[PDB]
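Starting from the given sequences, assemble the full structure and let the hints guide the process.
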Amino acid sequence: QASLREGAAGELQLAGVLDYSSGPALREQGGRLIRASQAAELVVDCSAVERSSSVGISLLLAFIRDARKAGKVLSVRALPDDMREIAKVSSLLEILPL
Amino acid sequence: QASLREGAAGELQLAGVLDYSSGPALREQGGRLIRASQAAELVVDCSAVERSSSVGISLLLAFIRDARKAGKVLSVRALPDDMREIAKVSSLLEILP
Amino acid sequence: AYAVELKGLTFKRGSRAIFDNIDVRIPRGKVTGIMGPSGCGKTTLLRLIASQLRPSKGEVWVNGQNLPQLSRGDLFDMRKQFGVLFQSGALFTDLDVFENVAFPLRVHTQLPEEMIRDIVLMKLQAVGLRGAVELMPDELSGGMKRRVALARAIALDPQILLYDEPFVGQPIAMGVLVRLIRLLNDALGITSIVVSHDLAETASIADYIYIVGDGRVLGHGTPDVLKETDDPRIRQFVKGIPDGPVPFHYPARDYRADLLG
Amino acid sequence: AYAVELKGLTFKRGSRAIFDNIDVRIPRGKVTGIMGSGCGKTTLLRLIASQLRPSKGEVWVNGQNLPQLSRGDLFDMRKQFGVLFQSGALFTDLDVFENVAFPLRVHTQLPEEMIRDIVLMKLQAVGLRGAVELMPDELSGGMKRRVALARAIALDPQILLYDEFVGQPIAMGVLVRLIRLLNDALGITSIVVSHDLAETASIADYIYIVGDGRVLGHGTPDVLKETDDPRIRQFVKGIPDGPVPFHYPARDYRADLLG
Amino acid sequence: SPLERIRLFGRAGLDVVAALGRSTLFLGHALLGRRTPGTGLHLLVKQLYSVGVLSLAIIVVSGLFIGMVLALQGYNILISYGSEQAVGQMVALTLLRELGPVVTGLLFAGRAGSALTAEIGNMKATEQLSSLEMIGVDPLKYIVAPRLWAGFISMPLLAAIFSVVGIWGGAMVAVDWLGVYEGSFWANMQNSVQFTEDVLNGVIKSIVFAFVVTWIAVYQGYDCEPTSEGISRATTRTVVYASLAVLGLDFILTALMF
Amino acid sequence: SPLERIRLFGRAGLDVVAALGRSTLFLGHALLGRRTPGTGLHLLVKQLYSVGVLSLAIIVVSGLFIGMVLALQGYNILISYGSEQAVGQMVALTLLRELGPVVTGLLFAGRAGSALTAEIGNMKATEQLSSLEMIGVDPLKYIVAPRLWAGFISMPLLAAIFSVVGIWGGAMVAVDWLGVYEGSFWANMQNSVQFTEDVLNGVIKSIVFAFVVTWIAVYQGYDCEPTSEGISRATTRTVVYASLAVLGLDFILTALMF
Ligand SMILES: CCCCCCCCCCCCCCCC(=O)OC[C@H](COP(=O)(O)O)OC(=O)CCCCCCCCCCCCCCC
Ligand SMILES: CCCCCCCCCCCCCCCC(=O)OC[C@H](COP(=O)(O)O)OC(=O)CCCCCCCCCCCCCCC
Ligand SMILES: CCCCCCCCCCCCCCCC(=O)OC[C@H](COP(=O)(O)O)OC(=O)CCCCCCCCCCCCCCC
Ligand SMILES: CCCCCCCCCCCCCCCC(=O)OC[C@H](COP(=O)(O)O)OC(=O)CCCCCCCCCCCCCCC
Ligand SMILES: [Mg+2]
Ligand SMILES: [Mg+2]
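Residue numbers (the entry's author numbering), protein chains in the order written: chain K, 3 to 100; chain L, 3 to 99; chain J, 6 to 175, 177 to 267; chain I, 6 to 41, 43 to 170, 172 to 175, 177 to 267; chain H, 5 to 262; chain G, 5 to 262.
Since the hints were derived computationally from the structure, they do not count as laboratory data. A couple of the hints might just be wrong.
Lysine to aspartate or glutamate pairs mimicking EDC-like chemistry, simulated, CA-CA at most 20 Å apart [to be verified]: (1) K:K74 / K:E43; (2) H:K50 / J:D249; (3) J:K17 / H:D19; (4) I:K17 / G:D19; (5) I:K17 / G:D227; (6) G:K50 / I:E104; (7) L:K71 / I:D260; (8) L:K90 / I:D264; (9) K:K71 / I:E118; (10) L:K90 / I:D249; (11) J:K47 / J:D220; (12) J:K12 / J:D28; (13) J:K35 / L:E87; (14) G:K50 / I:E139; (15) L:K71 / L:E30; (16) J:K17 / H:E8; (17) K:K90 / K:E52; (18) K:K90 / J:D249; (19) H:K50 / J:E104; (20) J:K12 / J:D220; (21) L:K90 / J:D192; (22) K:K90 / J:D260; (23) I:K35 / K:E43; (24) J:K35 / J:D25; (25) I:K35 / K:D83.
Away from chain K, derived, C-beta distances all over 10 Å, residues of chain J [stated by the list, open to error]: (26) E10; (27) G19; (28) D28; (29) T49; (30) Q70; (31) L75; (32) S76; (33) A179; (34) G195; (35) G219; (36) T228; (37) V231; (38) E234; (39) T235; (40) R239.
Even for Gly, the Cβ is constructed at its ideal location relative to N, Cα and C.
Here it is as structure tokens:
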């Protein structure tokens, strides 16, 4: 499905599809595994995210409740089309730091 | 309320109000009492019928089921304006003569 | 001059104050339409002007004298003046369609069972449900179950008649009903009070439309003068406009911290 | 190209033949509306949702057909559509939060904090975010439908059908705005199935008419407005009398009234 | 919170008594209020059909079964003691002086106590009742009054039929199946019944049940909330209450007469 | 016409069989069909508290009442035959092999047989069930399956509680009210119970009718017609049918073990 990589210096790298299936794996390998090593100024860019559902939105939203917990601030970049469509709904616009 | 009179030569004469109350009395004094004596060419004119409800329409309808039963033919004349609006909503307007 | 008037009308239902000092003035001979938001007492306001529910304080002047200040033997005698068409018909299940329509007759009137049949038959014709003088109210479709109830209402020839949710679940069925509620008005010269939240067809047949909200009448008028009254609540009701005085969103905490915390 | 297609579709309920060789073609990404009581439009919904097995014929939904799939794959397909049934059809024993979360806890095993985010952002989209606390009977009629619309849009289906806006203006307005926003924003196929012709045509883009077992034509709301089909011109307008009889089959206004 | 739970419990406790008094006022206005124009004996006959005559197959089949249970059981326990002829007396005594009316109150609270609240609560949800007051007929006298009358004068009759069929079925299983001496059944039966303490006792115990069953079954429906679920909760409250109003009141009626 | 009435009768006849087979297929698909994703033991617990724990006050109060009735009655019948200290075994024989489970099946068909048909039948009218298959959860396994398991494993438990409270209440009225010798009650009771023919007998008799009581109570709701009146007719059919299938099935079960 998709993968997560390129941590410890922000610049979090996201792969293709974020659906209901690839959700928990991406969260687990990103939440504690990746976001604990991170230092600061965290940027995640959904450049190579070609298809996504609201599970992806909640993934990016689950990426913020721990960076905020870990103090260091994060922002999202390269918001893909479909993700924006679901983010152009309720509490996913100005809430999402981009 | 109202009364019925002037039978035995058609020309049935109707009085003022035909409502739910004055219904059965008018029918009884007209149905068997009056319409049995009648001969033919029965005309009833609601000239002095100033207020009426659907009850009155049923009354005029209660006047045809027996003249037809008694063979002799009847027709209605000088129908009240209030009855006409009630008659218009129903499909019985053509039925009335 | 006015069929129904609500002089200082207010209603309590368990210390809830469904109404507080409302004043509606129903003009006779005209199709007036009251409405408002779902749960504003639209159906409850009907049981007041029909005296099925006793008001808290205030009087309802209906066709002259007021209802809550009459003897029961005279309140019943007044009941002949209005009939009610509820949504879903409110048809007596144990009675067939004929006896259903005849029921208001056999109550206030002792007419010959042959004369009563003619009155029931002409009514059932006026609504088109004449052929089904045979069936039981569950053997009738949902659309026709309401027309026979309307025929039951127009029996005894009331001078005013109230329609609660007259055109809820329709399109051809809704058309015949919206035509009948107007024909019965212009032909019989009877006051019609169409009380439905369906605004389009209401305004279509209404001549003096009201709006009831949170216990008080939120203005009133002819359908066009009510179309642009600039009252934020009434301009929000008369149009779609999902957000306005009535909140689109529910009372909750900031969404930003909602999923954050 | 087409989300749902009914190739030679017909349905029999107790040897009554509800449908007989109908062929509807639902275009994806567009709000299509199949308005019609007898037409049993609500029963048709089940067919294109495979809640009811057709008599003979296949329903091509988002590619493969439904009645010719394994149960372990039919369930896997169920993720593609949600249903916004009239009156909410809300699970009474579950609160609003678990109500909206129910489609998630079924097809998905997500962390109970991630399910909460989707339920929270899904309930806020319909405006019913504050009532994440209540029970479906503690909710007003119109508000209850909004939570159901949120339960449906959970899992992000690609098509969604809302059988019966009805019996409610300000509420109906938010609902008719949401069924269009969810379509243009999410790019999901909407199948609005209501008798209220006005608002249907308002949001519909390719509206159908189903009558006495057969699809009685179809088209864009204006091309269907004056199709000159007596039944369809009688449906699309008020016109109390037409092909569908205004009067019941009586005997005679002269005989029955006098005899 | 605990302070919330106790407030809710006290509210329910006072609400119960409020309903217990509202029910009494309702029964008063129904039974002896006035004489509305739409009334008659045709209503009482139509009700007596739906309440008693429709509830006839259930209680008859049940009485047959409970009789051929009582006999098929007491024969087994009395053979051990050595008393065998008297199974006709023991089977009749339990059914006529107690279990007869009690089981009839349990089946009449279930069939005609649920099909009564459901019929008069759907009459409330579909505005069938509200459309009566606006016609001018007091629904308490036109709808509730015959239903209450149908219950008062049908449940004792159904209990008598229940006891008769139960006795006869107990005979038909003792005599024809278990082979006890035929005539002794009815003989030992009728010498030790003591009409004034078994027949009239059970009949008064059944009348008392009918008044308390057909009134909490006709009120539960009249005071339901007008919705498809309020009716379905009232038609369960009226089975629970009318089973507790059968058993409990039978304990209070049998303390009065053992 | 007669030819019409007999055709309608035969149609109703064959339809009653059609429904009796459809109910068997429904019970099959519910109990051992598959394992849908939404299932678990939380459903069985949530349904165990609504089918049994909610039905606890009704059957406990009723068991107390029926026990103080059976004792207050048999004492009066036993006072003439000298078997005075034999009233204990009576409230534990006439309440533990035939009347305990039977009255528990009558109150469980009424409360949790009518509150389980108007709850599983109102879910079908509001499309709560149809909105489950379109989610992908088989409602027969998510809704019907737990209710079937919370009826099977609660009505025998409720019958045991019923018998216990009835025995204890019979003691509390024999001993404390009627003044029979205290210890003799339980002594004469336990020497002549014969567990394998009283306790296990009544328990199997309660499992049998109790299983039937929650099968024809969860099916009548599932196969009602989706309307506020179809539900109210199904919640009455399920009391009638589950009272017949309690009584008659108790006859069939007592004819095997007296
Ligand atoms: C021979 C004398 C004549 C006998 C006359 C009969 C007496 C009538 C009694 C009336 C009963 C009340 C009906 C209420 C109406 C209603 O609908 O009542 C409904 C309301 C409930 O209101 P809700 O709608 O809010 O739930 O009240 C009830 O729930 C009533 C339940 C009745 C239970 C009866 C129990 C009585 C037995 C007591 C025995 C205690 C002994 C304890 C010793 C240990
Ligand atoms: C060769 C095939 C013959 C067909 C056999 C079918 C027989 C089973 C059905 C019985 C007839 C039911 C008619 C319905 C009546 C009606 O009007 O219909 C009324 C109701 C249902 O209709 P309502 O909608 O009016 O409630 O029907 C019933 O009450 C159903 C009856 C259930 C009984 C079936 C199970 C009984 C098992 C015992 C059998 C053993 C017999 C013992 C004696 C020796
Ligand atoms: C001296 C007083 C007389 C004693 C008996 C009076 C009769 C009425 C009281 C019986 C209980 C009514 C409950 C009705 C069932 C119901 O609501 O149906 C079951 C309900 C379910 O609630 P829902 O409305 O949410 O479904 O359970 C409850 O919440 C009821 C709570 C009441 C608990 C009290 C009773 C428990 C034990 C009874 C007393 C013990 C006897 C021993 C004392 C010596
Ligand atoms: C000499 C006379 C003796 C005759 C005795 C006859 C006894 C017959 C038994 C009565 C049972 C009646 C059932 C009523 C159901 C009904 O009407 O059935 C009718 C209904 C449906 O009817 P509708 O068409 O009205 O909905 O059936 C159902 O909804 C499902 C019920 C099925 C359950 C049937 C019971 C079978 C029990 C088998 C288990 C036994 C286990 C024992 C192992 C040791
Ligand atoms: Mg209303
Ligand atoms: Mg439908």
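Taking the hints in turn, this is what the structure says about them:
A hinted pair counts as satisfied when its Cα atoms are at most 20 Å apart, and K74 of chain K with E43 of chain K qualifies at roughly 7 Å. In summary, the hint linking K50 of chain H to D249 of chain J is not supported, as the alpha carbons are separated by about 54 Å, beyond the 20 Å threshold. Only pairs whose Cα atoms come within 20 Å are accepted, and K17 of chain J paired with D19 of chain H is accepted, the gap being roughly 18 Å. Note on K17 of chain I and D19 of chain G: the hinted pairing holds, with a Cα-Cα distance of about 18 Å set against a maximum of 20 Å.
Restraint check for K17 of chain I and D227 of chain G: the C-alpha separation of about 18 Å stays at or below 20 Å, so the hint holds. Under the criterion of a C-alpha separation no larger than 20 Å, the hint pairing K50 of chain G with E104 of chain I is consistent with the structure, at around 14 Å. Between the alpha carbons of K71 of chain L and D260 of chain I the distance comes to roughly 18 Å, so the proposed pair stays at or under 20 Å and holds. The suggested pairing of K90 of chain L with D264 of chain I holds, with an alpha-carbon distance near 19 Å, which does not exceed 20 Å.
Among the hinted pairs, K71 of chain K with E118 of chain I is consistent with the structure: their alpha-carbon atoms are about 18 Å apart, no more than 20 Å. Proximity of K90 of chain L to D249 of chain I is assessed by CA-CA distance (about 17 Å); at most 20 Å being required, the pair is judged to hold. For the proposed pair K47 of chain J and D220 of chain J, the alpha carbon gap of about 11 Å is at most 20 Å, so the pair holds. Annotation: proposed proximity of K12 of chain J to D28 of chain J holds, straight-line Cα distance about 5 Å (limit 20 Å).
For the proposed pair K35 of chain J and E87 of chain L, the alpha carbon gap of about 16 Å is at most 20 Å, so the pair holds. For the proposed pair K50 of chain G and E139 of chain I, the alpha carbon gap of about 19 Å is at most 20 Å, so the pair holds. A C-alpha spacing of about 16 Å is found between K71 of chain L and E30 of chain L, which places the hinted pair at or below 20 Å, so the restraint holds. Distance restraint check for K17 of chain J and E8 of chain H: the Cα-Cα separation of roughly 26 Å exceeds the 20 Å cut-off, and the hinted pair is therefore not satisfied.
Distance hint between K90 of chain K and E52 of chain K is fulfilled; the C-alpha atoms sit about 17 Å from each other, no more than 20 Å. A distance of roughly 17 Å separates the Cα atoms of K90 of chain K and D249 of chain J; the hinted pair therefore holds under the 20 Å criterion. For the given pair, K50 of chain H sits about 14 Å from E104 of chain J by alpha-carbon distance, which is consistent with the 20 Å threshold. Straight-line distance between C-alpha atoms of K12 of chain J and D220 of chain J comes to about 18 Å, which keeps the hinted pair within the 20 Å bound.
At roughly 11 Å between alpha-carbon atoms, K90 of chain L and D192 of chain J fall within 20 Å of each other, so this suggested pair holds. Of the supplied pair hints, the one linking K90 of chain K and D260 of chain J holds, its CA atoms being roughly 17 Å apart against a limit of 20 Å. Among the hinted pairs, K35 of chain I with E43 of chain K is inconsistent with the structure: their alpha-carbon atoms are about 42 Å apart, more than 20 Å. About 26 Å separates the Cα atoms of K35 of chain J and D25 of chain J, which puts this hinted pair outside 20 Å; it is violated.
Between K35 of chain I and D83 of chain K the alpha-carbon distance is near 19 Å, which keeps this suggested pair within the 20 Å criterion. For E10 of chain J, the condition that its CB be more than 10 Å from all CB atoms of chain K holds, with the nearest at approximately 46 Å. Annotated as non-interface, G19 of chain J keeps its C-beta farther than 10 Å from every C-beta of chain K; the closest such distance is 36 Å. Taking the minimum C-beta to C-beta distance to chain K, about 41 Å, the non-interface status of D28 of chain J holds against the 10 Å cut.
Distance check for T49 of chain J against chain K: the nearest CB is about 34 Å away, which clears 10 Å, and the non-interface claim stands. The Cβ of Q70 of chain J sits about 55 Å from the closest Cβ of chain K, beyond the 10 Å cut-off, so the non-interface label holds. Distance check for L75 of chain J against chain K: the nearest CB is about 55 Å away, which clears 10 Å, and the non-interface claim stands. With a least CB separation of 59 Å from chain K, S76 of chain J remains clear of the 10 Å interface cut-off, as annotated.
No beta-carbon of chain K comes within 10 Å of the beta-carbon of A179 of chain J; the shortest separation is about 37 Å. With a least CB separation of 53 Å from chain K, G195 of chain J remains clear of the 10 Å interface cut-off, as annotated. Non-interface call for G219 of chain J relative to chain K: holds, since the shortest CB-CB distance, roughly 27 Å, exceeds 10 Å. Residue-level check passed: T228 of chain J sits 39 Å from the nearest beta carbon of chain K, beyond 10 Å.
Even its closest Cβ contact with chain K, about 37 Å, leaves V231 of chain J beyond 10 Å, as expected for a residue assigned away from the interface. For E234 of chain J, the non-interface assignment is confirmed: its Cβ lies about 31 Å from the closest Cβ of chain K, beyond the 10 Å cut-off. At roughly 31 Å, the least C-beta separation between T235 of chain J and chain K is larger than 10 Å, which holds for a residue marked as non-interface. With 10 Å as the threshold on Cβ separation, the claim that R239 of chain J sits away from chain K holds: the shortest Cβ distance comes to roughly 24 Å.
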